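Visitor: Chain residues, written in single-letter form:
There are 2 protein chains.
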Amino acid sequence: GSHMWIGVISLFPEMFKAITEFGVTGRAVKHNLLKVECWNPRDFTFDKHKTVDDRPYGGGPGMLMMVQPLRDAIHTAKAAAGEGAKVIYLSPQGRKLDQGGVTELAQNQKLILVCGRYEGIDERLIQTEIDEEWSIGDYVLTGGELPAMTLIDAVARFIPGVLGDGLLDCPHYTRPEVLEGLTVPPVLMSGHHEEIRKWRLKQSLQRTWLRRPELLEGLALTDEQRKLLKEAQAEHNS
Amino acid sequence: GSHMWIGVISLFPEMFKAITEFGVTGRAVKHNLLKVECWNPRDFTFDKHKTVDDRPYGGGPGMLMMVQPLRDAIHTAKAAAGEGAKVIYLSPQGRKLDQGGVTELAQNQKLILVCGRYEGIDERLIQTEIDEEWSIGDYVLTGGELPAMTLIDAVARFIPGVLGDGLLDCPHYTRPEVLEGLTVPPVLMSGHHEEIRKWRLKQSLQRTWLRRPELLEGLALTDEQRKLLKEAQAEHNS
Ligand SMILES: CN(C)c1ccccc1CNc1ccc(C(N)=O)cn1
Ligand SMILES: CN(C)c1ccccc1CNc1ccc(C(N)=O)cn1
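So the protein sequences, as listed, match chains A and A'. A prime marks a further copy of an entry chain.
Mapping of the first sequence onto the authors' numbering: residues -2 to 161, 173 to 246, in sequence order.
Mapping of the second sequence onto the authors' numbering: residues -2 to 161, 173 to 246, in sequence order.
Okay, chain A solo, but in the shape it has when bound:
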């Protein structure tokens, strides 16, 4: 339907089984809502030892991905994608991912995700082959595969059929009714649908204010949200 195709360039394509074989994303793949197709630069080498790294000009302790096998793998993925695939490189230098960015990326029917290893890739391939650079957060990983899988999982939630507002989630409770002396809030047992809705929203506002108050500055709260937030801050200050 609104299915999504994701090409992946990675030296460790088997890592992607973590999303393609399990849970909600594994079901999306099995039901053809999400297709994930991997190309490995190692298969595009020609020397006897299948070399995929190379030395940086200028010296330094690290290696980079070797240009030729990576470029050839990218070209093959682009040819398989046909027209209109956006090519994304995952790196700490990229645009910081957030939920608005996920929903932007989810608009593409095709994406190609390039997973860097070693110290990364040659800057000229970014210029010539990459459309957008994205980061999953301000921290350093050993390769771009976990960022690519994170991005796939986040976008997959927007594909119609895969599943069944700016604020943090409210607390949730399940059985039993008392757990190490802690009881479930009585409103949640009241059956009063509207009191339950307002309690949950007031809790989300309170938790957002206490934990991540900067997230509130970016929202235009509704009148109801403004009132419940005021109530929660009054209670907090009592």
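If a hint is listed, it holds; no wrong ones were tucked in.
Straight-line Cα separation of at most 20 Å, EDC-like style, residue types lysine to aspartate or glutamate; simulated pairs: (1) A':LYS93 - A:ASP173; (2) A:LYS93 - A':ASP173; (3) A:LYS93 - A:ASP128; (4) A:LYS27 - A':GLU11; (5) A:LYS93 - A':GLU222; (6) A':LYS93 - A:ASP177; (7) A':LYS210 - A:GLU120; (8) A':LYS93 - A:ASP135; (9) A':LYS107 - A':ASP128; (10) A':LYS93 - A:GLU222; (11) A':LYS93 - A:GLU225; (12) A:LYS210 - A':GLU116; (13) A:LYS14 - A':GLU18; (14) A:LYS210 - A:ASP231; (15) A':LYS93 - A':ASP173; (16) A:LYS75 - A:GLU126.
What the hints contain is simulated information worked out from the structure, not anything from laboratory work.
Starting from the known structure of chain A, fit chain A' with the ligands onto it as the hints suggest.
Guide: What follows is chain A' with the ligands alone, placed relative to chain A:
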């Protein structure tokens, strides 16, 4: 040595093969620098259908993780860890991970990572069993397993033997010397070690200023960094 033990509670422990079987983290596991041990709540069920989810009090469309199998799995992991393991729950409601937070977390010799599925876990288990909540970024995933693997990979880079300053990385170049008409900066072929160091630092300052200027506000630049940043901004404005 400074090895690290990470207990994981997950309904999909096989996802963790993505970090334990491949690349730098797979080597860390093989060489006993990193141990990752998984417990699955499904193995702590007692009904015929091995039920691991439960309905939220108050209604709503989602399910939560069932308390009893999850609590029992957590208790088993804590007993295996012995004393001093910090128990972390991965969620969007948690403290936002960044590199300073990774280095804080890397100080622990033992961690237990609880991976939520469905709409998450009962709030009272957070109160009774979880030490810290952490988020990998402001976006929603289908479970906490990719956040846990991201955290493991980021912390593993701090374990002595696993591998071979606030700014984004400089561009890097490898063979060939000309690539679709784009040449390598001559300084990197100069062999002048000190000119190369300064060029790389000036590029990191320039890229940080242009892409993520808020990161600069949190740094106390050195005199040399202040001078190279000034030079880069002068060049940019020429
Ligand atoms: C080895 N490095 C630093 C590297 C350098 C450049 C590109 C890819 C990599 C692979 N590592 C990544 C990738 C993404 C993220 C992120 N925060 O999105 C963190 N680490
Ligand atoms: C299903 N949800 C929303 C959920 C709710 C609460 C806990 C765990 C989960 C599992 N999903 C996660 C986990 C972490 C992150 C993150 N940004 O660190 C994103 N999603």
